[PDB]
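Engineer: The residues making up each chain are set out below.
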Amino acid sequence: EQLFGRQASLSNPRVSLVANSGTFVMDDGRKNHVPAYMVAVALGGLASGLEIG
Amino acid sequence: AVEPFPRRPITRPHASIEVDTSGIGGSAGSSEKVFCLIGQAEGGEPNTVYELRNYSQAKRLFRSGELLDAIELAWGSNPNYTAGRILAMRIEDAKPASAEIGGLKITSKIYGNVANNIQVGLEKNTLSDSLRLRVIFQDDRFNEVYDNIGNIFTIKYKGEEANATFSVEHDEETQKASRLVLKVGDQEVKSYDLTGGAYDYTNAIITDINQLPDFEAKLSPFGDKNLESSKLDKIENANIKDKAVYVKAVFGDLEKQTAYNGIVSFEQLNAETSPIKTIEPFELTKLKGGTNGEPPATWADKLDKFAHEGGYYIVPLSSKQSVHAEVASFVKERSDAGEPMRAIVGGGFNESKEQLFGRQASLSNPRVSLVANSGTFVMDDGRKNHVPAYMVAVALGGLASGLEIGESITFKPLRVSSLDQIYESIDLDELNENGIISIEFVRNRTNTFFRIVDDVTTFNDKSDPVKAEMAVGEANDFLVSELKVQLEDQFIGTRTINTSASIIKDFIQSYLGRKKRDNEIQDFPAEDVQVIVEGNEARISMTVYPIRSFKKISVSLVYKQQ
Numbered sequence: 375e376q377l378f379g380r381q382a383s384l385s386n387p388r389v390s391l392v393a394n395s396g397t398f399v400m401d402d403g404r405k406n407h408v409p410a411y412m413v414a415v416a417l418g419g420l421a422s423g424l425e426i427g
Numbered sequence: 002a003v004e005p006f007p008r009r010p011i012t013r014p015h016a017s018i019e020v021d022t023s024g025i026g027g028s029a030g031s032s033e034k035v036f037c038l039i040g041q042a043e044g045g046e047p048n049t050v051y052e053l054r055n056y057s058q059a060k061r062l063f064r065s066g067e068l069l070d071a072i073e074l075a076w077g078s079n080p081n082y083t084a085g086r087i088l089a090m091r092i093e094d095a096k097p098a099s100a101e102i103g104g105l106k107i108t109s110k111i112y113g114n115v116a117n118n119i120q121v122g123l124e125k126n127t128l129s130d131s132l133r134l135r136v137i138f139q140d141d142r143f144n145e146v147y148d149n150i151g152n153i154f155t156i157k158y159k160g161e162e163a164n165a166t167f168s169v170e171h172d173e174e175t176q177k178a179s180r181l182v183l184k185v186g187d188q189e190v191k192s193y194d195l196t197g198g199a200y201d202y203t204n205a206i207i208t209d210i211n212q213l214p215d216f217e218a219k220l221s222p223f224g225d226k227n228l229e230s231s232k233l234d235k236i237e238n239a240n241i242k243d244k245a246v247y248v249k250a251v252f253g254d255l256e257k258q259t260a261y262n263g264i265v266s267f268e269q270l271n272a273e294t295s296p297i298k299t300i301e302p303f304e305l306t307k308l309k310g311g312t313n314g315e316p317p318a319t320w321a322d323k324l325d326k327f328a329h330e331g332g333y334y335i336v337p338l339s340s341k342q343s344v345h346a347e348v349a350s351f352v353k354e355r356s357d358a359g360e361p362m363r364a365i366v367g368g369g370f371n372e373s374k375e376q377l378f379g380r381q382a383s384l385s386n387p388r389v390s391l392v393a394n395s396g397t398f399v400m401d402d403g404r405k406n407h408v409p410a411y412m413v414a415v416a417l418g419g420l421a422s423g424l425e426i427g428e429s430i431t432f433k434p435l436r437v438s439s440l441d442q443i444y445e446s447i448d449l450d451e452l453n454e455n456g457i458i459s460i461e462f463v464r465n466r467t468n469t470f471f472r473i474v475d476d477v478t479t480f481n482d483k484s485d486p487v488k489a490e491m492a493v494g495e496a497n498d499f500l501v502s503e504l505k506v507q508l509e510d511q512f513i514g515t516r517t518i519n520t521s522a523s524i525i526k527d528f529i530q531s532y533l534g535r536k537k538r539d540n541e542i543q544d545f546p547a548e549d550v551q552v553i554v555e556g557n558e559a560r561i562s563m564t565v566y567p568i569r570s571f572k573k574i575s576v577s578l579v580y581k582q583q
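In the order they appear, the protein sequences are chains H and L.
Note that UniProt numbering has the first sequence beginning at 375, numbered continuously upward.
Letter by letter, the second sequence follows residues 2 to 273, 294 to 583 in UniProt numbering.
Because the hints were derived from the structure by calculation, they are not lab data.
Hints are not guaranteed to be accurate.
[As the list claims (entries may be wrong)] 20 Å max Cα-Cα, derived SDA-like pairs, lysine to any residue:
#, chain 1, residue 1, chain 2, residue 2
1, L, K219, H, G396
2, L, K483, L, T520
3, L, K219, H, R380
4, L, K244, H, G379
5, L, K219, H, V415
6, L, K157, H, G379
7, L, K219, H, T397
8, L, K219, H, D401
9, L, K219, H, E375
10, L, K96, L, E43
11, L, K219, H, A410
12, L, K219, H, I426
13, L, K159, L, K96
14, L, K60, L, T127
15, L, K488, L, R355
16, L, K374, L, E454
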């Protein structure tokens, strides 16, 4: 519902809203539990690597 | 014709798999020609012709009936000679079912007695001052629900002034409500006529109201609501300073969403110049008045519907002699008009050969062939059905549709499980000599076949193959028709500045030579062509030898010593 609240406030094709939050295992073996905007980086880093098509 | 069903909109990318007793069934194969059928059939629009490419569409639209069984025979009779595309129209003049409750006239997209099993109802959503809808079609178990119906956006006035009022006016001449005015403290800021122009959409109104420093119009997230302004509802003096003032288009929201329902159409009840009966919640109630009607005494109007459709083969699923005459007259008309066709007919169970001769005596036409045998077929789901001849006629029609133009149905096998009567050699000869097409049984060491003995039309004379053998006549038919239409395009259709008789003669000879190079025709006389031109008209005459098939073999044996 809060996600829909953000959707209600914001509806723009130039932006996408990610909902899930999780944890990542990183260098040195440390695993960090992080908010969604860190997941957003993973989506952004992925999309950056993918080709245009 | 019309390919009725477009895509279903989808929501998510996924793969789903579900066990079932039955599959998707047959499929239309590549074909030069098209196959037309008429018969008893539940579902679909009466007096409308539908094109089918797959058995799934036939199930989805022609929900049940002997017609749907006929399609299965057409594509299931032989995988090698699978029948081509299909044109179908239901004989029964079914009716829709209707419900008129709660300010709404509700009618069924489905036509027939099934339509009365549709239930639709509205409910009041106390949580958001809105109406709610549910649609259930119990036979197909199709359940649909809509919520927050009618409410688009909310307005709040934020200033300290005593009173803010929201008003919408009504036009009685057309029953529309096309004004929306915001007033605060007996002073007006703006007024939006909802009759197009400046504020055609509610989107602009929301933008307009939001610009006002003392107001905010906020979009409801429950369902896309960008309706045109004219669809807003009658509203009279709503206090904008309060917690929430709703802007409502009850029918407009219903009109958009309900268009996507697969079962129902909605109309807004006019009272019985009468004002609008208010759309209000009501119990989920059955639709009523949907029936199958009765078939017409004459099928001529139905057959006239197929003119200019290109279906070479047409089969009526009936045994009535008068109906057969109607088709024969209709086919005769189309052939002269420039649309050649062939009709396949067969009536009743185990009908007497004398009665077959009675039909032959009444009817002798090269454009039609009469099938005598009746039998039973094993079909999908393991059910085996014992059926009249006109269902066998479909198998012949479906077979002939799959075969190439130059190849006859003669002697080809058939999958029919069994036949009512097993004609003897003499019995078969009498039928074939009298222009009756029949089925023959043979037995291998451990195999059994049902074969089509030969191609013969009701026309009896053996003198002219084109009259007798439909395969030969069909080859001539497609040859001429394909030639003329091409010729029309080059000279009549396309802008031609000049033309001579000899030029036409060369073009004709070029066309025929190409056919021989494709093996479509075996031989012909090159010098026999004639061309005459007379003002705006030209006469063309030519001859081509029909193909001859292999019929008789006689053998004798001699035993000897050593």
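Engineer: Confirm or reject each hint.
Structural biologist: To see whether the hints hold, each was checked on the structure:
Taken as a hint, the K219 of chain L and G396 of chain H pair is broken in the structure, with Cα atoms around 33 Å apart against an allowance of 20 Å. Between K483 of chain L and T520 of chain L, the direct Cα distance comes to roughly 41 Å. Violation of the 20 Å bound is thereby established for this hinted pair. For the suggested pair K219 of chain L and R380 of chain H, the alpha carbons sit about 13 Å apart, so the restraint of at most 20 Å is met. A distance of roughly 19 Å separates the Cα atoms of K244 of chain L and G379 of chain H; the hinted pair therefore holds under the 20 Å criterion.
Distance restraint check for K219 of chain L and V415 of chain H: the Cα-Cα separation of roughly 31 Å exceeds the 20 Å cut-off, and the hinted pair is therefore not satisfied. At most 20 Å may separate the alpha-carbon atoms for a hinted pair to count; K157 of chain L and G379 of chain H meet this at roughly 18 Å. Distance check on the hinted pair: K219 of chain L and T397 of chain H sit about 36 Å apart at the alpha-carbon level, beyond 20 Å; violated. A C-alpha spacing of about 46 Å is found between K219 of chain L and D401 of chain H, which places the hinted pair above 20 Å, so the restraint is violated.
At roughly 17 Å between alpha-carbon atoms, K219 of chain L and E375 of chain H fall within 20 Å of each other, so this suggested pair holds. Between the alpha carbons of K96 of chain L and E43 of chain L the distance comes to roughly 11 Å, so the proposed pair stays at or under 20 Å and holds. In summary, the hint linking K219 of chain L to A410 of chain H is not supported, as the alpha carbons are separated by about 27 Å, beyond the 20 Å threshold. Proposed proximity of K219 of chain L and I426 of chain H is contradicted: the alpha carbons are some 36 Å apart, above 20 Å.
Taken as a hint, the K159 of chain L and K96 of chain L pair is broken in the structure, with Cα atoms around 55 Å apart against an allowance of 20 Å. Proximity of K60 of chain L to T127 of chain L is assessed by CA-CA distance (about 41 Å); at most 20 Å being required, the pair is judged violated. With a C-alpha separation of about 17 Å, the suggested pair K488 of chain L and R355 of chain L falls inside the 20 Å cut-off, and the hint holds. Annotation: proposed proximity of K374 of chain L to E454 of chain L holds, straight-line Cα distance about 12 Å (limit 20 Å).
When held up to the earlier numbered hints, the structure conflicts with 1, 2, 5, 7, 8, 11, 12, 13 and 14 and fits the remainder.
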